[PDB]
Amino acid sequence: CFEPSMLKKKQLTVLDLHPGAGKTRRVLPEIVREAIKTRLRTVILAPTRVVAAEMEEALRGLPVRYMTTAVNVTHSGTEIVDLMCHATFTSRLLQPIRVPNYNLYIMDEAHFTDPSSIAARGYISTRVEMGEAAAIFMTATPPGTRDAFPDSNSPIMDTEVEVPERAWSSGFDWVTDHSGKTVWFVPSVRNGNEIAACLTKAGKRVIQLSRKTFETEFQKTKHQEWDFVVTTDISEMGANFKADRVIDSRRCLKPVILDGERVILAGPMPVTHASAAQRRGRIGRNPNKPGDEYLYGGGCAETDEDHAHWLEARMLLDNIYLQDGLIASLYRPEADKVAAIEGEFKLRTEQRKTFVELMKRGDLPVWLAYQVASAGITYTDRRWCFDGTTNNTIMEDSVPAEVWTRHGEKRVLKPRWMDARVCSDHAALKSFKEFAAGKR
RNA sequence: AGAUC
């Protein structure tokens, strides 16, 4: 557990805090209180806006500068502790701006495999190793460890079963015979949709959660009766429930670079040990409620090295300036997840500026931004959005998607490099259309 | 799938 001696420079501490152990409400304030009392310049790194808002509740009264609109409180201007999201921190590292010499980094949910989160751990662990700072990584599943069944406040009954992944008419009575409340983790919104429809037809009250619907629907899980919550992995962080059962597909959808040539979003993919632990962690939370159950449908990924986020993290980190043109390494227990030599993706000054702007203003995925920038294309030159090979044609309602261009032409979307993330749902496609049209 | 400005 935490002790003030961990706040010394050159010290990286990983706090293994199992789900429900009090990471945010108990441990985080203890650390922050000690940093403030010693006026240690500190950044708290929240994985998401949702979690940042939860942190403010835990830290309320303590002087923290919240560098996210997810929180609105009155800053005094003398606070020595900053709070921001993982991605915000990494974005600011890429900008030609002053990022403080934080002497302490506190990273919540340090298993998070968002590319910005991975890159942040590399930067941070590198600064600690160089003796410039201390860091505390907090998570139920520290990088390098593979326990899908961590500790819990109450013992959990773990059972591997055949979990249905499509609507069913028979053969899975145990699903609907349950008289309690179930949280069901699915790999995609569309998959969730089908399962939810099946459950609703069977007379169940279902609430569905995903990034798109979370803000409104999660509140309903607190205020309405429900039999099932059918949720994507949005609920692996920042979400808790009063339930006695988790059903876990043990599957996910994550971007993968195919043949080094394009990015796909491919199913089926097994979840990681860390994600399985987060999912299971939704129950067994109350010592007064024994008997919670975790029903899971298969194994975890032996490795997630095929996930695009590892290479993308190195693309980010290769372009973050440290000192003297030094380049930070990935956090050691994670470093072998990418085989590229250190520096492989470092861009020269002008191409690097383009890469950064393509992500920050363009909202493009790291991999795609890198392709465009390394090709020597300028940020505002959108011709590449239309001159790919035919198999890169983007479809909308199974007919080719079209854009009115900056030059008043209606053209078919056909990007020179194909990244499935620019068109994987309506919002992504709308965003990419506006980019192709030169409108941001 | 998820994620920030």
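Whichever C-alpha set is largest while still superposing within 1.5 Å between the two forms counts as the rigid core. Numbering follows the first chain given and starts at 1. What changes on going to the form deposited without the RNA:
Compared between these two forms on the core, the listed residues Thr113, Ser91, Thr221, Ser329 keep their C-alpha shifts below 2 Å, save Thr221. Core-superposed comparison between these two forms: CA of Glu312 displaced by less than 2 Å. With the core held fixed, the Cα of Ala135 is displaced between these two forms by less than 2 Å. Superposition on the rigid core between these two forms places the CA atom of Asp363 less than 2 Å from its counterpart.
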Given for the second form:
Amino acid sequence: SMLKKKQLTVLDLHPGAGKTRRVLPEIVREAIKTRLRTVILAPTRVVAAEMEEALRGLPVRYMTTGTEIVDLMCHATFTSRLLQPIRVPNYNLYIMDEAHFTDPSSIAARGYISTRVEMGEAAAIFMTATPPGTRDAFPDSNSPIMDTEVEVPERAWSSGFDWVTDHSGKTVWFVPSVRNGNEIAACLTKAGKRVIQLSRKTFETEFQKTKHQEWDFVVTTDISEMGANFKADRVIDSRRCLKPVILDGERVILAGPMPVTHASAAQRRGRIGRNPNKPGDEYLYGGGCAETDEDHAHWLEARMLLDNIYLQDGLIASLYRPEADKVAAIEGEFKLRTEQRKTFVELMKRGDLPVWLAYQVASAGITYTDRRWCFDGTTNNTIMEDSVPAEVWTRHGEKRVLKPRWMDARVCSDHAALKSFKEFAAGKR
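So that was the form deposited with the RNA bound. Now I'd like the form deposited without the RNA, please.
Since only the chain itself is given, any partners or molecules it might have are not part of what comes next.
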């Protein structure tokens, strides 16, 4: 149709308008009719699976871990394939759903895609109700939403918030961190509620439980802003988030809790008011928003990824321009030689290390299986487990205090992350 190359379109209908399950299949059917080599990009594998069914019997290859011109994969999968030697089709049409996702792989993907549009080699469609720079925390909905500013608990409580537990419906509660969510969920559970906790690490297995089991509360991080569907009538929003910040170019901290963006607030609010024959959904929020970023590490990490993706001779892809000033970096300053790039990739995939940390280790000429850097840092880089120095048994047979040469707070911000990094340090993966 007008997928006739040459162009980037931002489909920005209000939340719940039918972008993912009404408009998306229409575009795919058009793309197949016009025989365009197309890729579909979902934010998560959970959402990718729900797209399988909305794309009823259409020739779509699902690269989710014949005459097949149309691919479906998640944001991170797409970006991950671009970094590897493994061949990626120069698609004629790029479709990114939930294109507001601010994770490094999603930022990198938007940059790569938009760059391909500018070069005149492809068309692109970014689907999101909240494009970069939106200041509207209260967009349109299918049904009226009762918006109420309240004092939202960020700690366990024994009194003062009756309205929280005095609610017979189902509530989605956005928290700024996993650990904060743990405390709130434990309080709700003790008060007799059934609670499901969602985070980025647990999402792909815990989200499916929000359907096939009963629940009163979902306590979730900002991961549920990316196309997550709940049968709920209430959203409690702390309006808080944590921001990864690179300090003095030498370490990453998790600053906050801190005001979420208008986009995030709109996406959080947008979890309800979706049912057209159902008014009464409430959005209860505990504070204001802010354009917080620009020292947000994710956009620098996105640059690290994009610098190591090849398009054609000497060419480095630009960030999607509405996002391009979110970071102070020179394009190509993180480009690694091919051997270092390989280590960089493995550290992110098999190593499951944050992009920033993986770059530090790889650019220092360290091989993937060399874990000495996990112990030879300054003593202020010491990682604590419950107010006591965390220790692992090394591959060489010593009990060493975990003390990484480069400190990234994301490797120990909760128990699951610490367990994973402790295992990485012991050379177990």
